[PDB]
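Given as structure tokens, the chain that follows is alone and in the form deposited in one PDB entry.
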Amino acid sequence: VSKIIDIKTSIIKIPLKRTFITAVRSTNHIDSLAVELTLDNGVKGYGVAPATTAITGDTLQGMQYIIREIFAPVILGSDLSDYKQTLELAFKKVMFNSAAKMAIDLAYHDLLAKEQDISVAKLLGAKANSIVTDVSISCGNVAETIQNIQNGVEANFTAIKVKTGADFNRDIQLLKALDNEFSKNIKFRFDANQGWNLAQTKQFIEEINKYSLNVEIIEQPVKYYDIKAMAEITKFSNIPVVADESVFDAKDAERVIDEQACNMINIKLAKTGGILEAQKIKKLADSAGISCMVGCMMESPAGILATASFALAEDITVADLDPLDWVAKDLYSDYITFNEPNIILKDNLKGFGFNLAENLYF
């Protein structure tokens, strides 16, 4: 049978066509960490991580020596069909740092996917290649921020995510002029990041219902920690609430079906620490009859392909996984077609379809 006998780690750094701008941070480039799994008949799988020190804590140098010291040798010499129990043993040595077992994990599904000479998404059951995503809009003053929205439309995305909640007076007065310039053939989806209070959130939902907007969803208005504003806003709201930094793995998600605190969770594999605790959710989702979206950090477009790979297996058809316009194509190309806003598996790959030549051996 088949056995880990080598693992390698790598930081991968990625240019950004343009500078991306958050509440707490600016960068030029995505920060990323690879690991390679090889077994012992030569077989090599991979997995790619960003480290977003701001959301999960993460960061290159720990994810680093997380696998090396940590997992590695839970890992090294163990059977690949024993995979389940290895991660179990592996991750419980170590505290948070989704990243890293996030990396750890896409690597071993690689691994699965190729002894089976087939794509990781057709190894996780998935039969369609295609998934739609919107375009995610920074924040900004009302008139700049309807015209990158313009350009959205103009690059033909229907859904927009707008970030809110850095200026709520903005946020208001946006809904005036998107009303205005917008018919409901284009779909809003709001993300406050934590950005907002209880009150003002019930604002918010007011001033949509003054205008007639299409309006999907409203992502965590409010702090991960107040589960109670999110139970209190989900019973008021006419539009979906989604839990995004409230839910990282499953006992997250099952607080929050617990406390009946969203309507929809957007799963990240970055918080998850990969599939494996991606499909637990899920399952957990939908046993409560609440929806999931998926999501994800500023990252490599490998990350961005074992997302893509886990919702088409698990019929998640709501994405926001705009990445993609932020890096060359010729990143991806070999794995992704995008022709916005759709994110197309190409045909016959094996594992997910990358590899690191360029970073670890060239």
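Residue numbers count along the first chain shown, from 1. For clarity, a rigid core is taken as the largest C-alpha set superposing within 1.5 Å between two forms. First, how it differs from the form deposited in another entry.
Put simply, after the core is superposed between these two forms, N28 is the one residue in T53, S333, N28, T317 with a Cα shift of at least 2 angstroms. Annotation for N348: C-alpha shift under 2 angstroms between these two forms, rigid core superposed.
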Second form
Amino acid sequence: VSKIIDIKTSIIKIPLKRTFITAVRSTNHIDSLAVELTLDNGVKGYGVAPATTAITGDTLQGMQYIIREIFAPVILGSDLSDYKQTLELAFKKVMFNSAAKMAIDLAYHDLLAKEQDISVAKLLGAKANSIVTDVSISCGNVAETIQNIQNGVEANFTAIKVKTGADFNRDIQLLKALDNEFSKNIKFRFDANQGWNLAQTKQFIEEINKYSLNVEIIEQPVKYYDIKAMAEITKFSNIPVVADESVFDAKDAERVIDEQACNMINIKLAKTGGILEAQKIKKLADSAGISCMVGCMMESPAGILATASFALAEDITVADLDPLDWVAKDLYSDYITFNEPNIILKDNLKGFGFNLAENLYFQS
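Right, the form deposited in one PDB entry is done; let's see the coordinates for the form deposited in another entry.
For this one, just the chain is written down, with no partner chains and no other molecules.
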């Protein structure tokens, strides 16, 4: 019987190699909070979550307070084997702030795996160690956008996630350029980040039909709450429609399933508040015959490893896991081999294998 006797955090700031721009925001960096749980046997578990305030509403400052002043009193002194009960009772005290919850759920999984002397991926039941990711391309003018895609293709990515929804006229013009520049061995994924209205979405889909493109998904074309439009688009489209911001948790998944509002759900740990809730979504989706992909915020490689581990355990093969491509290799090379576009888990790691304490000063 191991008990959690300490909880500490540290902020992590990472610079991006190039500017990330979506319909929602623009950034050159990632802000994350790491949490450390210490067992009474000295073993330490870790989780890392992004603060993407425009999407999940999380802030580093809110996460720190929640974890150290709200969750901590519930967790401290509790048995590791009571994790499900502990997380349920702790999470009930906080509405939203899903990324804060992600950090805690991940640290618990790290502990659970380490206590069994296995990786988290293995704990969750993964067989495979490799998942393929697209690379995503910032909003920008057509010329710049074609250049970024060529860079991705030269880097060995054949699945390309094209951000749209910032400028609809630009989005339409871009299709022409794509059709001219790339073959059908390149697979496109469009993600509007809610930036289109219903009419524009249908128009974009009709426009795709005018060219010869390999298009795999249309992701979150409209506002997260316009489930009626999502259903209409899903019925209209010959291309699978993906819900992202429309689905954070299991009850969101129930709603989109009930309303036939997508063909596929993009599961993200920063939205679900960690692995436990993501598992519940996957079960619901499976029962409903809805497929799942995994995705992320522009977030640290640690979140990517955790997400890859989950996907491998759940037989999820469609992934937008690209942040590794936006940051320095040394940030992930302790735990991941990225042979683009393949994210490969390194062998024989205990827990996730993040190796955070070496570079970060944790404080209670």
